[PDB]
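J.: Construct the entire structure; sequences and hints are all you get.
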Amino acid sequence: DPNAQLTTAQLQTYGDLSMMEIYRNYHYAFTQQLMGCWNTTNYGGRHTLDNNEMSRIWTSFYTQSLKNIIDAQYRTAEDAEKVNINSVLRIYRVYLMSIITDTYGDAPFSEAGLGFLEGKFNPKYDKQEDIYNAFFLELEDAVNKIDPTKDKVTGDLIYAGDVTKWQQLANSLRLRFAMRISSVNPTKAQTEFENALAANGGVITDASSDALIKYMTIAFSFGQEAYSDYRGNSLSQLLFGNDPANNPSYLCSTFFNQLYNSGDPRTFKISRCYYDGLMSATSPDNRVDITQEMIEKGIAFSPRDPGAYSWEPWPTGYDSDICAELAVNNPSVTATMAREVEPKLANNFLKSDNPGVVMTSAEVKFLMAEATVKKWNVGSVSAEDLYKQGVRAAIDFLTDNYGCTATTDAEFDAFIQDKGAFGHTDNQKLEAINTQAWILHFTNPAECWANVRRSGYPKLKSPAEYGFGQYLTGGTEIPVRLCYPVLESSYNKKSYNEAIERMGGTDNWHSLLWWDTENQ
Amino acid sequence: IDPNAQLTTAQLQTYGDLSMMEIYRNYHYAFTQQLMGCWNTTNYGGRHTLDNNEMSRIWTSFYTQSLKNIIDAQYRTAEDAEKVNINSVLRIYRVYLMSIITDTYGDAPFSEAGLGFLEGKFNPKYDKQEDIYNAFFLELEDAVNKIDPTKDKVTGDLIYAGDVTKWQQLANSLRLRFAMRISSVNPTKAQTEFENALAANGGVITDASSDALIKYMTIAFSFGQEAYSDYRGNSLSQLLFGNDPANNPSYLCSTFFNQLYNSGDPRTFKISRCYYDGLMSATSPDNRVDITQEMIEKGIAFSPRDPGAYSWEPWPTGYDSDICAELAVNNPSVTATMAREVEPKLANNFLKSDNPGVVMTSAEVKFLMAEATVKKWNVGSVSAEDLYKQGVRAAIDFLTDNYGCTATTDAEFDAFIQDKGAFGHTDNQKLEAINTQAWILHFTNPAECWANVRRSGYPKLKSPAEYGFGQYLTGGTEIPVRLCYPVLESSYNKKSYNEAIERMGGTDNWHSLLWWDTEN
Ligand SMILES: OC[C@H]1O[C@@H](O[C@H]2[C@H](O)[C@@H](O)[C@H](O[C@@H]3[C@@H](O)[C@H](O[C@H]4[C@H](O)[C@@H](O)[C@H](O[C@H]5[C@H](O)[C@@H](O)[C@H](O[C@@H]6[C@@H](O)[C@H](O[C@H]7[C@H](O)[C@@H](O)[C@H](O[C@H]8[C@H](O)[C@@H](O)[C@H](O[C@@H]9[C@@H](O)[C@H](O)O[C@H](CO)[C@H]9O)O[C@@H]8CO)O[C@@H]7CO)O[C@H](CO)[C@H]6O)O[C@@H]5CO)O[C@@H]4CO)O[C@H](CO)[C@H]3O)O[C@@H]2CO)[C@H](O)[C@@H](O)[C@@H]1O
Ligand SMILES: OC[C@H]1O[C@@H](O[C@H]2[C@H](O)[C@@H](O)[C@H](O[C@@H]3[C@@H](O)[C@H](O[C@H]4[C@H](O)[C@@H](O)[C@H](O[C@H]5[C@H](O)[C@@H](O)[C@H](O[C@@H]6[C@@H](O)[C@H](O[C@H]7[C@H](O)[C@@H](O)[C@H](O[C@H]8[C@H](O)[C@@H](O)[C@H](O[C@@H]9[C@@H](O)[C@H](O)O[C@H](CO)[C@H]9O)O[C@@H]8CO)O[C@@H]7CO)O[C@H](CO)[C@H]6O)O[C@@H]5CO)O[C@@H]4CO)O[C@H](CO)[C@H]3O)O[C@@H]2CO)[C@H](O)[C@@H](O)[C@@H]1O
Ligand SMILES: [Mg+2]
Ligand SMILES: [Mg+2]
Ligand code: NA
Ligand code: NA
Ligand code: NA
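Residue numbers (the working numbering), protein chains in the order written: chain A, 5 to 524; chain B, 5 to 524.
Source of the hints: derived by calculation from the structure; they are not laboratory data.
Heads up, the beta-carbon is just placed ideally off N, CA and C, and yes, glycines get one too.
Treat the hints with care, as some may be off.
Each pair of labels, with its calculated beta carbon distance range [said to hold, decoys possible]: (1) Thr11/A with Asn334/B: 32 to 38 Å; (2) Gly471/A with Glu230/B: 37 to 43 Å; (3) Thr477/A with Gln433/B: 45 to 51 Å; (4) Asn262/B with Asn501/A: 55 to 61 Å.
T.: What follows is the structure, encoded as structure tokens:
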């Protein structure tokens, strides 16, 4: 039962179709990885403040997964016969709460979800500073309470109940949060980072302990029942789309150009050019891959600048021999390509059974590399070696978990020895580490946006710099947080007003979170 | 080079010139409120966007090709007793092509057109429209009297295969058309010319076996460069299918669809159907899914396009199609959700390269006779009501005989003619019924359709401003009543252009009524 509550909360993390709209609408534009689909460009790409769209994480987690995890934790707390499920619940509670606070800032946590259990309504919004304090304390204690000789964890879609891997994940999350606070508090950050490395079970040191939620393959449906079906990855469902021929996932130029201009082996693993005239209405079957034809004919790729739609600017196309040939037996096909020259997200990332990414060994290597550049006491491996290991693991992650074609040693070496190289100054090293992390986090948009904001890399420019300033109703600078749902002023007035007063008296998506020291 | 060959080319060019036919899709079909919703039709004619290049198509095409060549051939065969038949046919076709020019622009070169082969005879004067019409009656009368079936064979005639008696019938029927045209501006001359034509050698077109239809061949539609010099197929039908046929097919205007549907017209679903085009060929109307009966069974409203509307504005109310859901099982690109498919489209029978080039029909002759009888002219012993009824029956049978539409039975015809297709009782009711039925007949003859709407005042059409689209009408609120002269004329035929515009007070505006158009 607590074990069943874990299962459902894991499924809801990427399985909730309503919630996943937030990432397509906002995060993927803010990190300049996708742009051109109507939803992504309209909301995040052009800074449309929309309180209902911004509210999806808040409502989803406080009404469902976070609420239920809190209940289950409470019911198993201080029970020596339930220490493993209780500890696992505490780790997952920290994880879900980290998404909330890294989106909105101060928020209910210590007093959350206690109305039925403790008659405690109107929970205060804990200060982000204090939420992060609690993350380190909860994770450390959970690691120390876990005992493999005790209860079996049975509803775990990440590690199949292996509580030693749960210690590795908890200590890796301590690394992530330590590095998160390293601008505002380098001293505490270094201490937390070093403590985690020394903690029981260690950290995730290779991909065999990557934390990935397992999802199944279910046909993509947008009917009403689909909004209560968490069995499939709903982020992948939306990246395919409710309107998949008009509004697929086109890549942003910032990301496509980072890959292409650096010679990254992942360029045409993450993206392809497809003609979709024969594509299924409900799955990415029967697409025509024109990528190699475009390369052979010298046709320029036209990825979407921040602020651009697939149709604005309208691209320069070409006449496809592949499509002309196909039209002979499939007369609905046209040979004239237009928006097909704009790179799209590859089919490997559009599957109901894509994993729900929580944390990878590649990220741990990048965290270790940055801590080493920062002169923390993290071990005997050079920062450069840790960096190279993180890049290799990030590239292999796509092969292992999405079926992308394997990258040879020669291909990796060619890349790492040219534009993927680590660099020779601290700023170049931190730039390379965090640019590589941004690519790794493509399938983890919550972490991708948090790490862009925290590290300041890549250095992203407003859509105004690309010519789209006339559309920026919600202001010029890329938002650094989302606003609280307006109904909170009705359901939780005092606590909401208190949080807003702490920000200076307004709820503004340009206000930096506590751990975010400056913006870009 | 041979005059008989020049006749063939000029006939083919009349509807075979893919560049020139854009004018009808862009302007005429919107001004007569028969098609609306296709981008081109709504943007230009539906929202009064004046564009001199678009308005110039008839002038440029005819004066550089078909009319020029007809004039050359007429000169080469004139005053030669052994060439009287080809010469007379050329004179009749010359009048026909000239009538389209003057009914579009007003005063225009005629007596002085097409010289230049002579010497420095460039810079022709614009003959006054009133005089052009007088010349039409004289030319047609003389050609009828010079024709002699014992003399030269006419060998390249795609209308009548050289049957010169039928050319007499066409010439005298054109005299009826032009006599009725001038019946508001010069009622006494109109009556005299109408009566003279009925009494002339060869008589008029009295049944469908003498309908004047240019025969076109069944060629595949192509929009490549070579297709702009290929006149073998009906290019108006090609354009009504469209260069962008899935995004911008020919949707019907509500004025015309509602006239048909609300009158119980048997032609309603002969001229129009609702289609889902997800599997339709890119270059032909093959593989469309007819949903019309399904909509009727499910009670889904037809949503034809008001004047000024695009297919996407207003966005219509759709439904979920059982037919399409079934087709999606084996054709997964199909969606079952219909949206703009609820807007009636032009039926496939009107989207064929072998659709005839309509010049003049026996149905029109019956409607002209009926109107002349209401006007108390001396036209014979048939009642106006019977002539009207014969006109409607011929107009309906015209679609069966020439477009492959399902035949209308006597019982179906009688049911319509006895109810909402009835002739009516006051003079205004009779004139409205005659000219509303003529408007339907002239659907496949847009030059005549627009002329007769302007001349008769029926149907009574309202500006797109009355349907809510006034904000978009850059070229004025009233529906245009002529097109302006080409900029090529004001640039390179300036003295003659200046003389013509001086007769309109120095103006050259699409709201200025032509001489035969007494009011709007
Ligand atoms: O002629 C011979 C000659 O030819 C030569 O070739 C020529 C050729 O002939 C010629 O045709 C060609 O011309 C080119 C021309 O074709 C081209 O046209 C372009 C044009 O330039 C573009 O501007 C145009 O762009 C369009 C685009 O197509 C549209 O798709 C787009 O539509 C936008 C919509 O997508 C968008 O819709 C969104 C809704 O607004 C929104 O409300 C909705 O919200 C949903 C949401 O998505 C859901 O996720 C959500 O789900 C909720 C959930 O949130 C909650 O949790 O739960 C609920 C239930 O529980 C659940 O419901 O729901 C909400 C609510 O429903 O999302 C929608 C999207 O999904 O809306 C916006 C705004 O309205 C739309 O904008 O619009 C754009 C424009 O705006 O595209 C056309 C193409 O069609 O132009 C070029 C350049 O001019 C031309 O060149 O030219 C060639 C070459 O010259 C030959 O060369 C020659 O040889 C021959 O001779
Ligand atoms: O999700 C859970 C939930 O879902 C529920 O269902 C939801 C669902 O989720 C959601 O997606 C859906 O959202 C709906 C949304 O989809 C819909 O979107 C609409 C939108 O509202 C519209 O506004 C939009 O309209 C677009 C339209 O699509 C475009 O096509 C159109 O494009 C126009 C162009 O077509 C046009 O192009 C022309 C060029 O401008 C012009 O230059 C060019 O000229 C050519 C010319 O044509 C030639 O003839 C000529 O030929 C020359 C010749 O002249 C010479 O002689 O010779 C030459 C060669 O020799 C020769 O070339 O040449 C020239 C060449 O240029 O012609 C072009 C046309 O062909 O350009 C204009 C202007 O730029 C374009 O406008 O634009 C419009 C917009 O303006 O469409 C989208 C759809 O895509 O919105 C609705 C309503 O908001 C949404 O509802 O909602 C559903 C329902 O809720 C489920 O129900 C639930 O269960 C689930 O839970
Ligand atoms: Mg920052
Ligand atoms: Mg008039
Ligand atoms: Na889903
Ligand atoms: Na043609
Ligand atoms: Na008949």
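J.: Hints numbered earlier in the text: which of these fail when held up against the supplied structure?
T.: Going through the list in order, the structure violates hint 3 alone and respects the others.
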